[PDB]
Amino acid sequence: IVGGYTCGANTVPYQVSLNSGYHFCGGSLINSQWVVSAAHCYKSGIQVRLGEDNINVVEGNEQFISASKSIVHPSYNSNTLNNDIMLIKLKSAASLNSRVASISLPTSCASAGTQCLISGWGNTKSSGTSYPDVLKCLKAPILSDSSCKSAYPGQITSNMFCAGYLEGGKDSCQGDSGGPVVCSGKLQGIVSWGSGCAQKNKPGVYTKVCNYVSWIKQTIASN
């Protein structure tokens, strides 16, 4: 997250870190046994780390649970990033508490202008590299479809939305991928892609979660 703030320990209780020897992507806990992330975060050997603040220090609220099954969206296209969503099932159910909690799925899509909370352990610099140990947060509005398409001609599908600031300076960045965009208490987005980070006229692009609620629910119901 570039241009954000330190969230505070365990203040984003649905935020997970995906770990394969190190943090490599975010995700969102959607029930005791399932995490939503980005399909482009897929790999084998995932351990889901819940209850994290500093990802390099055991601080006492963590739960580390291996993935038992990954399910990349049936229509994910890694070239265009259309349908950039996957589900991860945990080998055991997380123990839910005030610091480890699921985030509601949306029953309705969100509109341009709605404020949202974007979070992660990604790079905090738009030129150069500095990775935080503690969770970072950014409040950002959803941008209109028309301004998203004007920023990224030929690249925005109906499964994507932009959020952030056209003036630059505030955005998600490398290492935030797969993490949450929460608006009014609902998971509306997944950190997906953008051209660089925090550049003028290049806002972040996010997977439009409301389009996937039916798939998420029926996948969970049979897996």
Contents of the next structure:
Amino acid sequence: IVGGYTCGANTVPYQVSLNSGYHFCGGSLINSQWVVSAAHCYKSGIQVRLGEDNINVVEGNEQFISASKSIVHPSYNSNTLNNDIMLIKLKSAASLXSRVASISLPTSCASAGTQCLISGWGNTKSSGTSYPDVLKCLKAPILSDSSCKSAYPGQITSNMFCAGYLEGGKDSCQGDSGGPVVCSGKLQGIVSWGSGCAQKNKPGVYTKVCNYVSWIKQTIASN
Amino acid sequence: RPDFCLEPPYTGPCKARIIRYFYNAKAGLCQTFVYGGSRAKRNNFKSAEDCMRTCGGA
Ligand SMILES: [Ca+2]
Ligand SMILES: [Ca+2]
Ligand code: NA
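Return one more block: the form solved in complex with its partner chain, after the form solved without its partner chain shown previously.
Let us now look at the entire complex, which starts with that chain.
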């Protein structure tokens, strides 16, 4: 997260870290046994880390649970990045309390201008490299489909949306993928891609979760 | 034809922080870099062994 702030220990209880020997992506806990992340975050031997703040130190509220299943959307396209969503089942049910909690799925899509909370352990620099120990947070608004398409000509599908600030300086970045974009208590987005990070006229692009609610519910229930 | 082993490492547009290997021609060795998760170019390997087998001596 570039241009954000320190969330505070366990203030984003649904935020999880995907670990494959090191942190490589984020994710969102939607129930005691399931996590939503990005399709491009599919990796072998995933271990989901819940209740995390400092990703490099054992603080006492962590729950490390291996992924028992990783279902990438059947229509995911690695070239266009369309349908960039993946569901991860936890090998054992996570112990839910205040520090580890699920985030509700949306009942409807969020409108342009809606303020949301984006979080993750990704790069905090637009130019250069600096990865945080603790979870970072960023308040950013949903941008119009028109502005999103203008920013990324011929790249925005109906399953993507832009969020951030056109002047640059505030955005999600490498290491944040798969993480949450929560608006009014609902998971509206999944950190997906963009042209660099926090660059002027290049807001972050996110998977539109509101288009997959029925698929998520049915897929979870059939696995 | 252009040697893909001589192309600079490509992170891509996706925002994951996946550690991959690329052949650094200037240094003459396979080095690590951050891959974003999709749209990988060919000078991108999952292990140092794969990188050396494919690009060693380039
Ligand atoms: Ca920790
Ligand atoms: Ca290296
Ligand atoms: Na802490």
